[PDB]
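S.K.: The primary structure of each chain is shown beneath.
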Amino acid sequence: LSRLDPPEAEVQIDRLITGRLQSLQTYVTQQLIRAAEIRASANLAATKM
Amino acid sequence: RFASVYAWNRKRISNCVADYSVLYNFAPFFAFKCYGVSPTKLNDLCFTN
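Protein sequences appear in the order of chains F and C.
Quick note on numbering: the deposited numbering labels position 29 of the first sequence as 1009, and the sequence is numbered without any gaps.
Quick note on numbering: the deposited numbering labels position 13 of the second sequence as 358, and the sequence is numbered without any gaps.
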């Protein structure tokens, strides 16, 4: 931001924000699968208990 | 003593306080577009070399 003016900074910013979203969406997607895996184990423990 | 294209003149800049607004009185500046730095945002940056 301190190096580029707004007219073409947003072009560079747009690549960064879309890159981190793909990093962020990957994180939650793997979290959801892991949470399902744990919940299956937690249900198994509850049934076991 | 501006040199030829096949052997251009290379000058290094050492420690100083370079104001990138008082050089406007040196040329009509036919082409002044920059690549990775906003030309307006030049007095707020510290440069390596």
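In short, the hints are calculated from the structure, not lab data.
Think of the CB as a built atom: it goes at the ideal place given N, C-alpha and C, for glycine as much as any other residue.
Keep in mind that the hints are not guaranteed to be accurate.
Derived contacts from chain F toward chain C, CB cut-off under 8 Å, selection only [as the list claims (entries may be wrong)]:
#1 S982
#2 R983
#3 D985
#4 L996
S.K.: Which hints, by number, does the structure contradict?
M.R.: Number 4 - this is the single hint that the structure violates.
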